[PDB]
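Take these sequences, add in the hints, and give me the full structure.
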Amino acid sequence: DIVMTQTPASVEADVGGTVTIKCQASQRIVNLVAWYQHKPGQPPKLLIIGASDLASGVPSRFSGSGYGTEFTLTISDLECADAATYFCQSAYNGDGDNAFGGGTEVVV
Amino acid sequence: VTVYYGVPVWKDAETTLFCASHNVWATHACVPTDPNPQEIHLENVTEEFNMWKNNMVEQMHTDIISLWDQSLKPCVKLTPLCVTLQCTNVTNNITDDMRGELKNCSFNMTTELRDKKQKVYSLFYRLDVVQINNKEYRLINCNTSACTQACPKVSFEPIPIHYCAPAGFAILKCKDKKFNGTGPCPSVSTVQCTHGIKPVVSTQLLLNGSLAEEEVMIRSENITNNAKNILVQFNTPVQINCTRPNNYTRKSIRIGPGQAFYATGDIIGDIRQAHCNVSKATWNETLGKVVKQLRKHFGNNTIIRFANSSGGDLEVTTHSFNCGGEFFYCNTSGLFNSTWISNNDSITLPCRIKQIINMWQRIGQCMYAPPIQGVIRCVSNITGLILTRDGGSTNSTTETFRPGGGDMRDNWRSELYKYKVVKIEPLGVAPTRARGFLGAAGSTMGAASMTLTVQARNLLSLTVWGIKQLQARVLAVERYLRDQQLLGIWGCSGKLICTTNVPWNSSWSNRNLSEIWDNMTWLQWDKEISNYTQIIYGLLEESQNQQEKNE
Amino acid sequence: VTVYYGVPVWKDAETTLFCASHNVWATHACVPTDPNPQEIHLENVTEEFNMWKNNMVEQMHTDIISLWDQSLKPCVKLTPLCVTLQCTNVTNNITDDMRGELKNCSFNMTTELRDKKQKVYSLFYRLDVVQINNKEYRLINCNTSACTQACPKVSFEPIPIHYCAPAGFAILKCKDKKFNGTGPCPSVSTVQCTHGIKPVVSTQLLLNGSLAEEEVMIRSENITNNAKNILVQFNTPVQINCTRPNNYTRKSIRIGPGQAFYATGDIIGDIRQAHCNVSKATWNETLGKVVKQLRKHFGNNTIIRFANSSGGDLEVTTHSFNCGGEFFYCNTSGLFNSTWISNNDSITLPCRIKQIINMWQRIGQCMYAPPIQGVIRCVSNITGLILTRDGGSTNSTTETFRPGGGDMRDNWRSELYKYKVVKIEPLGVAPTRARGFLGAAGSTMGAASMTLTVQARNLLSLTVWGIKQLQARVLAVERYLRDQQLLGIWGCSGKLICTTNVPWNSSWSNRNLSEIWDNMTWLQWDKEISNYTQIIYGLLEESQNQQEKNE
Amino acid sequence: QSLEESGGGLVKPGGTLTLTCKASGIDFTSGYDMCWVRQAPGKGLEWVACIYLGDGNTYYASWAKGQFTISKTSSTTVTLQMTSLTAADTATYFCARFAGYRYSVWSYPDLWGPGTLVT
Ligand SMILES: *[C@@H]1O[C@H](CO)[C@@H](O[C@@H]2O[C@H](CO)[C@@H](O[C@@H]3O[C@H](CO[C@H]4O[C@H](CO)[C@@H](O)[C@H](O)[C@@H]4O)[C@@H](O)[C@H](O[C@H]4O[C@H](CO)[C@@H](O)[C@H](O)[C@@H]4O[C@H]4O[C@H](CO)[C@@H](O)[C@H](O)[C@@H]4O[C@H]4O[C@H](CO)[C@@H](O)[C@H](O)[C@@H]4O)[C@@H]3O)[C@H](O)[C@H]2NC(C)=O)[C@H](O)[C@H]1NC(C)=O
Ligand SMILES: *[C@@H]1O[C@H](CO)[C@@H](O[C@@H]2O[C@H](CO)[C@@H](O[C@@H]3O[C@H](CO)[C@@H](O)[C@H](O[C@H]4O[C@H](CO)[C@@H](O)[C@H](O)[C@@H]4O)[C@@H]3O)[C@H](O)[C@H]2NC(C)=O)[C@H](O)[C@H]1NC(C)=O
Ligand SMILES: *[C@@H]1O[C@H](CO)[C@@H](O[C@@H]2O[C@H](CO)[C@@H](O)[C@H](O)[C@H]2NC(C)=O)[C@H](O)[C@H]1NC(C)=O
Ligand SMILES: *[C@@H]1O[C@H](CO)[C@@H](O[C@@H]2O[C@H](CO)[C@@H](O)[C@H](O)[C@H]2NC(C)=O)[C@H](O)[C@H]1NC(C)=O
Ligand SMILES: *[C@@H]1O[C@H](CO)[C@@H](O[C@@H]2O[C@H](CO)[C@@H](O)[C@H](O)[C@H]2NC(C)=O)[C@H](O)[C@H]1NC(C)=O
Ligand SMILES: *[C@@H]1O[C@H](CO)[C@@H](O[C@@H]2O[C@H](CO)[C@@H](O)[C@H](O)[C@H]2NC(C)=O)[C@H](O)[C@H]1NC(C)=O
Ligand SMILES: *[C@@H]1O[C@H](CO)[C@@H](O[C@@H]2O[C@H](CO)[C@@H](O)[C@H](O)[C@H]2NC(C)=O)[C@H](O)[C@H]1NC(C)=O
Ligand SMILES: *[C@@H]1O[C@H](CO)[C@@H](O[C@@H]2O[C@H](CO)[C@@H](O)[C@H](O)[C@H]2NC(C)=O)[C@H](O)[C@H]1NC(C)=O
Ligand SMILES: *[C@@H]1O[C@H](CO)[C@@H](O[C@@H]2O[C@H](CO)[C@@H](O)[C@H](O)[C@H]2NC(C)=O)[C@H](O)[C@H]1NC(C)=O
Ligand SMILES: *[C@@H]1O[C@H](CO)[C@@H](O[C@@H]2O[C@H](CO)[C@@H](O)[C@H](O)[C@H]2NC(C)=O)[C@H](O)[C@H]1NC(C)=O
Ligand SMILES: *[C@@H]1O[C@H](CO)[C@@H](O)[C@H](O)[C@H]1NC(C)=O
Ligand SMILES: *[C@@H]1O[C@H](CO)[C@@H](O)[C@H](O)[C@H]1NC(C)=O
Ligand SMILES: *[C@@H]1O[C@H](CO)[C@@H](O)[C@H](O)[C@H]1NC(C)=O
Ligand SMILES: *[C@@H]1O[C@H](CO)[C@@H](O)[C@H](O)[C@H]1NC(C)=O
Ligand SMILES: *[C@@H]1O[C@H](CO)[C@@H](O)[C@H](O)[C@H]1NC(C)=O
Ligand SMILES: *[C@@H]1O[C@H](CO)[C@@H](O)[C@H](O)[C@H]1NC(C)=O
Ligand SMILES: *[C@@H]1O[C@H](CO)[C@@H](O)[C@H](O)[C@H]1NC(C)=O
Ligand SMILES: *[C@@H]1O[C@H](CO)[C@@H](O)[C@H](O)[C@H]1NC(C)=O
Ligand SMILES: *[C@@H]1O[C@H](CO)[C@@H](O)[C@H](O)[C@H]1NC(C)=O
Ligand SMILES: *[C@@H]1O[C@H](CO)[C@@H](O)[C@H](O)[C@H]1NC(C)=O
Ligand SMILES: *[C@@H]1O[C@H](CO)[C@@H](O)[C@H](O)[C@H]1NC(C)=O
Ligand SMILES: *[C@@H]1O[C@H](CO)[C@@H](O)[C@H](O)[C@H]1NC(C)=O
Ligand SMILES: *[C@@H]1O[C@H](CO)[C@@H](O)[C@H](O)[C@H]1NC(C)=O
Ligand SMILES: *[C@@H]1O[C@H](CO)[C@@H](O)[C@H](O)[C@H]1NC(C)=O
Ligand SMILES: *[C@@H]1O[C@H](CO)[C@@H](O)[C@H](O)[C@H]1NC(C)=O
Ligand SMILES: *[C@@H]1O[C@H](CO)[C@@H](O)[C@H](O)[C@H]1NC(C)=O
Ligand SMILES: *[C@@H]1O[C@H](CO)[C@@H](O)[C@H](O)[C@H]1NC(C)=O
Ligand SMILES: *[C@@H]1O[C@H](CO)[C@@H](O)[C@H](O)[C@H]1NC(C)=O
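Residue numbers (PDB author numbering), protein chains in the order written: chain L, 1 to 95, 95A to 95B, 96 to 106; chain A, 36 to 56, 66 to 141, 150 to 185, 188 to 309, 312 to 323, 323A, 324 to 398, 411 to 501, 520 to 546, 568 to 657; chain E, 36 to 56, 66 to 141, 150 to 185, 188 to 309, 312 to 323, 323A, 324 to 398, 411 to 501, 520 to 546, 568 to 657; chain H, 2 to 35, 35A, 36 to 52, 52A, 53 to 82, 82A to 82B, 83 to 100, 100A to 100F, 101 to 110.
Simulated from the structure, these hints should not be mistaken for lab results.
Idealized CB from N, CA, C, for every residue including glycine.
Take the hints with a grain of salt, since some may be wrong.
What the hints assert, rightly or not - In silico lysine to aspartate or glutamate, EDC-like type, Cα no more than 20 Å apart, as pairs:
hint : chain 1 : residue 1 : chain 2 : residue 2
1    : L       : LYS39     : H       : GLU5
2    : A       : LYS490    : A       : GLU102
3    : L       : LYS45     : H       : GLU46
4    : A       : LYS169    : E       : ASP167
Said to hold, decoys possible - Selected chain A positions facing chain L (Cβ under 7 Å, derived; list incomplete):
hint : residue
5    : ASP457
6    : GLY458
7    : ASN462
If you want it as structure tokens, here you go:
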């Protein structure tokens, strides 16, 4: 019953720069956001647990925070390797169920 | 088919409750209470209560907002103050940390005569002003709505009120000491009116409420998810002492022909930061009890940690209360920082003062609190707190609890959890083959026949509470008359018990009379045959007492 | 003397009807409708209806004005705009004919701060300003009353409402397809509540109303005189397409601390005149039908001519409607110019827009409509028109009909003509010598005895509609109780039919019982003996059940 | 450790295709579901339908409730029957596994397959 939306549909930075992605939720969610990195031809890779812990297997380039209705992802020290589509989701199973954002693209 | 009027049964229902007992929650429009707390224990009655679906809470909320607004109706609306302020900081001996908190501002103010202006000044808190385009400032609320000052003559003391049921209705009360938010309460009683409940408004901590029975109680709509607040009720008070240590001088400025603004004239003595002192040992012991109880839901062997509030601006992230009439926003960080592993040194919290408030988190309106002369000190006992869980990873532990509680309703859910409102519904029908109010509700159908008069007598039995009273009275009368018209048509006028000339049609029920009258209560009986009530009622209106009158 | 309670008879009466179903005719204060249009045809009942004396119309009118006014209660009152405007015409590519319609005006406007002013401008229509003493203008309403702007968030959509009768009352409905404004309707039914009626406000033409049965109907209080309006109802729709072709840009100007004015920023593209397109062939055929019917009253061999409206200023002489929220005043000259002798080429009407309106033709107050961004187009079907005859010479022919309709009530008389409100009056008395609600009303006294329960059951049965609801409920209860007290005194409590110990006094009526019970309806019976009701009622209260209780 | 999937391709409108998802080996009797996600061609992701890898209760996107059905078929596979596929259903469909958090109802996708197309 909710929509996750993202504002910065497309961003660009040179190598070593920093970009941010802002995901707006439709309702109070405590911190339950995943933030996946998605490259074409590949399955999405998880970056964040609980809107701030890092998934095992990702560099400390990725960081984020929020506490309901708004969450952000910051990607510092960007490389061409980080060009990807980035996800946002709440993932509830039940009535007020699964929702994903449109995704935003980072070009480096 | 035999008809019984005054049968002690009920159904869940929602209706208007009346307050019973100058402050802003004025008691002018309020009924005096009867000193006798009439109460009847229901010997064998088990009822389901649900703290989260209780509409008594919703009425309390809206009545309070209405009373609040009415109390500000006659107060001066400060529209003349939307001016450019020219100002600097204050000169005094200040605490080195408390910098930039106060501004000393001057402005062009109106007077009682249209053709004359005056130059005045007042001290302001930084939180109440906006820098605009060197020294140009304005009040923050002029951006959206001029606001009324609180009348200097009204109190914000949360004097308790009671909610009383109208005729035809009753309040059920749960006495089960171990009752959590929902489910069947094994010991149910009934009252005319609830206990007095104070309309205390606060956040993150529950102030001056009732205490729990010997165990800290934890209640949640769904303990499993994270989107719900967890309410924790203490079985012990924790004492907190708060103060506003600076001695302020109050100055009255004439605004116009019958209006005045209450300015802050000056500060006497050193400027110090407001703060609250919490017993440290008490707080620590208290959390240990909370932790013991929380572990019961999150695994015997687990870790509980507390963290301070998360992002938000002020009203969201800080503790709030009204002390002495001032509005305090305190940083409860020193209370929620610990880890509890399985198997006098007071805590001092810094705190800020704000004069312009958005009461009830509404927009387009606000209230300006006048300054209070002298020094403020007050005490209170917290009786509970509001927690939210963050999350997890499925491959670890240490759930974190953080303070929260954005809504106001949670403050009252905490008292009203013991009550439920029901509607009394007589005119029971049963086959015969043609003590206290509700005291007999838990007794058999046979036994209950002796209290029909008891029940029948309780069915008829500037100002905010105006239309609400007339509507309640009219409804009670209409319900009464409709039942009487029906009995009239059926030929049963004037009789508590009457016999129809219609034999029981067994298709409606197939039990022996001895299996009904000596075993079931009327509540049970109604549940078994409510599906056919309209059949019987219909037949009785024309077959008999209409056709019979031509004979 | 035999007494019957629940007798299906009635008398004409006036009472409060309740509306049933954000817009300005807010439905907040409105009862949800029951989906079941309960209706009972009255087999042998003929009732007189009178479209011109129907007070249902008057209540609709006053309720609408009240709702209208309440909807503007929270809106900004534009008092700051009463200033001198300095202005010229507009510069753009304009239609050569549409000159002087728009002014481009600048002025000294207030801001959210008392001490600062701003210079702003807005486009205005010529109709809304007055030249005063080179380029000095002012708003026309500052002469008499500052006005509120319509709130930008409310709709003027005429959402239909239904009028429902209170307990003890009923609405009779005329089904005679050939029924003109007055007289005995041969087919009468009855309903709980009227059909939904749209509060459409217009003049000279009736918009979006109901259509007539196969013939155009002509109704008049007195077709003979000239001082009455002739209402003509079409049996076919005529489609009209209206537009406001210029693309406008809306600009918000801050007025003060919580207020804003909606200015007309600019015009995009060429400036064109507003207009309406009427199907020409449809209009011509339609008038031919009207003429055929009018000749029925003014002689078989006569001439009917139409002429445009006569003198008046704007609201009097031009067509008016609300399309898209804009207020249009259209020159219906091309519709009323023809002569009808005995024995796609759309018509285009030019039209003007006005922002300040005197709604309901009242004084001392008005409404300012904010501009609407973009381009407006809407469609409607006229279903009738209002005509007035001019006169004659007695030695000639060719009566002229002109459009008119200054009153607003005529718009609703057109729907409510089928309804009448009556009061249900039981406690019939008749000699015996000591199915649906009102379904038996057309049946004999004897037959009707079987529905007494049916009738009896329908006798008891922020916010505008406040006091009105309480008053209606109280009245219904008082009427009920008064009848019961009387039956009580007479010794007839609890009985639909009872027998007194008073033989019929023949001086009240001299008929055989078989001539009454098998021939007359209760309505007829009451008419024959209503002159003596009070005698019987009086005697029965003391002769019996008072004197008898000492025996 | 991975998900594989197939059974897509072009079917004329009104026909039916079934997608299958094969695990390389996951715990199918625990606090996880397996769930179908659709990527419309130019959009972000849409929810299609999930099944608990346990009891087997299913949840369907409301838009998919009267059209799509899913069920566990084995200890390694779950399938989606895309009954009556039409033009509107052209998309990349993905197989994913979702975890909970600690004690919760909020899920956490943690494993995705490569996705497959239907037209
Ligand atoms: C106050 O007092 C009252 C009364 O004493 C206490 O009331 C008890 O509260 C319990 C929960 O707080 C409640 O237990 C739950 O009842 C649910 C009812 O479901 C019924 O209908 C469905 C319809 O399909 C049936 O399937 C079902 O069998 C029932 O008939 C159950 O659904 C809950 O089951 C879940 O937990 C059990 C625990 O082992 C699991 O076995 C079961 O499979 C369910 O598990 C899901 O959720 C857990 C949450 O931790 C996940 O870990 C797990 O992986 C599953 O997750 C999947 O499903 C969820 C569904 O939302 C989905 O979101 C997720 O992504 C996965 O798909 C459970 O049984 C008691 O019945 C209730 N007692 C009474 C008498 O009412 C109340 O607790 C007290 N308050 C406090 C604070 O104690
Ligand atoms: C939790 O409960 C405590 C205990 O009741 C409560 O604190 C109490 O607040 C009231 C109101 O501020 C205090 O009453 C004051 O007592 C001093 C004693 O000398 C008086 O001088 C004060 O008079 C001023 O305020 C009056 C208000 O009507 C004016 O009429 C008068 O002219 C003065 O301006 C005032 O009476 C009371 O003493 C405290 N109690 C204690 C023990 O301090 C506390 O506020 C409650 N918590 C919450 C959040 O409400
Ligand atoms: C706030 O500003 C006012 C205005 O300057 C200060 O009032 C002045 O105080 C000095 C102290 O001797 C007097 O001589 C001046 O005449 C006062 N001005 C007026 C207009 O009366 C005031 O002291 C400042 N307050 C603080 C706390 O800094
Ligand atoms: C969330 O809380 C509700 C309310 O307590 C739970 O709903 C109850 O579920 C039990 C299961 O047997 C039913 O018997 C009750 O009747 C339900 N309560 C009501 C008021 O209908 C619900 O199961 C909880 N959900 C979770 C996942 O914990
Ligand atoms: C809750 O506590 C945290 C501390 O863990 C405060 O956040 C910031 O923590 C960093 C850590 O280096 C400090 O440098 C910052 O000064 C802290 N806050 C600010 C505002 O700068 C956090 O603010 C506390 N939350 C609240 C609402 O008080
Ligand atoms: C709430 O209290 C905490 C604890 O004192 C504040 O956090 C400290 O703020 C000072 C201010 O510079 C920092 O130097 C400390 O490092 C902070 N401590 C920690 C552990 O972060 C906190 O900032 C207060 N909240 C707000 C919003 O100011
Ligand atoms: C109405 O008058 C205003 C005020 O002069 C006109 O606005 C000016 O438009 C020119 C066009 O280039 C600008 O350069 C000026 O700066 C504008 N003035 C202001 C104060 O902004 C406006 O165009 C006129 N509108 C019409 C329809 O004639
Ligand atoms: C003007 O209209 C009224 C109302 O229809 C006419 O009054 C009726 O006249 C007839 C004559 O027999 C009476 O029976 C009706 O009872 C009258 N109606 C009412 C309501 O009382 C009146 O005659 C008309 N006048 C003219 C000159 O046309
Ligand atoms: C109704 O039509 C007449 C035309 O017959 C309009 O009155 C004036 O007629 C003369 C005839 O030469 C014209 O020159 C005038 O220009 C007409 N009107 C005006 C305002 O100058 C008459 O105005 C029409 N009535 C209405 C209300 O529109
Ligand atoms: C209503 O429409 C009529 C018909 O077009 C207008 O009358 C014409 O107005 C123009 C304006 O100068 C005259 O030149 C024509 O001679 C008029 N025609 C006739 C037949 O009179 C009429 O003026 C419009 N109404 C108003 C009030 O302007
Ligand atoms: C007020 O205090 C601020 C604190 O940084 C300081 O910068 C400012 O100059 C002070 N105002 C005046 C007028 O000195
Ligand atoms: C008060 O009004 C005078 C009028 O000239 C102005 O100069 C002065 O600055 C005003 N006071 C303030 C604080 O602006
Ligand atoms: C002034 O009002 C606007 C209206 O949204 C708001 O965005 C702005 O932040 C306000 N100014 C301040 C200082 O809050
Ligand atoms: C809190 O404790 C400190 C310790 O020095 C004391 O000075 C202060 O007055 C206390 N505050 C209150 C409200 O008692
Ligand atoms: C609060 O004030 C009371 C007054 O009796 C004192 O006894 C208590 O220790 C104080 N508590 C704290 C935490 O300062
Ligand atoms: C709080 O109580 C626990 C109970 O064992 C104790 O270990 C802990 O040190 C206490 N904390 C403080 C600050 O005294
Ligand atoms: C808890 O309080 C101590 C007090 O110095 C502080 O150092 C520590 O960082 C705090 N921990 C958290 C998690 O806030
Ligand atoms: C504030 O200062 C005045 C100065 O005389 C003093 O009389 C008053 O008692 C002080 N109030 C407090 C609470 O210190
Ligand atoms: C709550 O604080 C007040 C302050 O006077 C105290 O009297 C009362 O006893 C406290 N409540 C409890 C349970 O101790
Ligand atoms: C506005 O139009 C009228 C039309 O006659 C004209 O006389 C007037 O001079 C125009 N205004 C200006 C400023 O040109
Ligand atoms: C606006 O105020 C100034 C103040 O001098 C005045 O000169 C100007 O003419 C005003 N604007 C208008 C349109 O009158
Ligand atoms: C201004 O009001 C007077 C009051 O009667 C009125 O006569 C006059 O015509 C009004 N001015 C205009 C332009 O209508
Ligand atoms: C009316 O007819 C004319 C004929 O040219 C057309 O241009 C105009 O757009 C039509 N107006 C409407 C409202 O359709
Ligand atoms: C009105 O608009 C409709 C749209 O269908 C069109 O068909 C009709 O011909 C138009 N009528 C006129 C009189 O322009
Ligand atoms: C209107 O209809 C009549 C019917 O005969 C016809 O004579 C007349 O010419 C029509 N008028 C137009 C403008 O077509
Ligand atoms: C009727 O309309 C025509 C259209 O040109 C006009 O010439 C004629 O004078 C009008 N007649 C009347 C009586 O208005
Ligand atoms: C009005 O003009 C603007 C200019 O871009 C355009 O976008 C808008 O669609 C126009 N509206 C209409 C109804 O023509
Ligand atoms: C009245 O106009 C509306 C416009 O949509 C149309 O739908 C409706 O059918 C019209 N009424 C008749 C009787 O045609």
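Right, here's what the structure says about each hint:
1. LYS39/L to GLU5/H: Holds, at about 17 Å.
2. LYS490/A to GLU102/A: With a Cα-Cα distance of about 18 Å, the restraint between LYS490/A and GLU102/A holds, given a limit of 20 Å.
3. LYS45/L to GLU46/H: holds, 17 Å
4. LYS169/A to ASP167/E: Between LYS169/A and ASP167/E the Cα gap is close to 12 Å, so the pair holds against 20 Å.
5. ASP457: Hint on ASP457/A: holds, closest Cβ of chain L at ~5 Å, below 7 Å.
6. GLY458: Where the cut-off is 7 Å and the nearest Cβ of chain L is about 4 Å from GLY458/A, the hint holds.
7. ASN462: violated, 9 Å
When held up to the earlier numbered hints, the structure conflicts with hint 7 and nothing else.
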